[PDB]
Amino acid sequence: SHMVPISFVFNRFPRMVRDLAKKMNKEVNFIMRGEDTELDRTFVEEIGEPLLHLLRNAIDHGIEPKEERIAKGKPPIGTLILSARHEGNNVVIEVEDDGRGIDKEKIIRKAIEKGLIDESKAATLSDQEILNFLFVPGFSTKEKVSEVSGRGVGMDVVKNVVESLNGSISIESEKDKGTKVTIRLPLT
């Protein structure tokens, strides 16, 4: 229908990442790629808060303090990459950091706490099954709210919004390596 460059969504992030990193005293080099990539104009408002949340998660939970990254033998400065591109009939948006990765042990503990799984079933969960708990509505306690809709935001809300746009989301994460979240939205 009506395509516009994704820069309408991306433009405000450099400054927000700068301030967020400074507030949580993290050294972060923010990289944005493919701002010219176009998407439906009716996706602009809705995809913004969800993306901000993924960026916040990277800065807060992913990128470790300089001292910790040096101990791990990693580049002192963490890298946060926000990218967009066209891949077939879809707009692909990625948020990737080279931080400590999602604490899967913590996710399992939370899942058990929320009655989503029994402890006997947790030992054999695959990484994908574990990371997927993050998409269960109500999984995250929440606090950060969407300046657009007004609902608290967690990975569960991110997935819910992405599904509302008829798209999908996947997560990849390895301990001390980092986390990569990929969102695929339809072109039309």
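So that the term is clear: the rigid core is the largest set of C-alpha atoms that superpose within 1.5 Å between two forms. Numbering follows the first chain given and starts at 1. What changes on going to the form deposited in another entry:
- Taking the rigid core as fixed, one finds a CA shift for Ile107 of 2 Å or more between these two forms.
- Comparing the forms between these two forms on their rigid core, the Cα displacement of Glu67 stays under 2 Å.
- For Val92, a C-alpha deviation below 2 angstroms is recorded between these two forms after rigid-core alignment.
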The other form holds:
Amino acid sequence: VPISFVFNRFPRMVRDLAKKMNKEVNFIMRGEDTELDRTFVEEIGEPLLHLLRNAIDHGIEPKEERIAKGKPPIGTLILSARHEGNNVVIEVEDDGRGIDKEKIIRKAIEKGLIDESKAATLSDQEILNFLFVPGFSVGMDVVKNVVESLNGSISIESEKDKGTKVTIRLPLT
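Form deposited in another entry, following the form deposited in one PDB entry:
A single chain, with no partners or molecules, comes next.
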């Protein structure tokens, strides 16, 4: 079916959470007519909701902070779907504060997941993928678990003060 069956739930959720946290969010949905198999439609809402909540809570900064940082005052959250060959690609993008990669590394060292000696040459993907480790810092492990139950993949791109883009890829069947 069309992914609108999932996406149409989100403006109310986004608006309620933004209100609760006294933030202003410009929420844009694209590609809502993208069709995919019912099994995906039935399961993908929960992970997407988690990612949207992360963007509103942890990503987009309060207006006053954005102004102080010389950013546009209202944060933008874009949820998109598209076909790419045999895959459907779903992206959740915010222009908030980004994920703090140094914080991740420090936590990974604390937890014994990496030796300090290996931190300097870690790739960006290797750093951000620590967020999918169970217990790391209801977590992102559960997002990845659902995506993988759908034979999908997930990746994160993020830069300090720029924002965060989470990409889910799903197969045709």
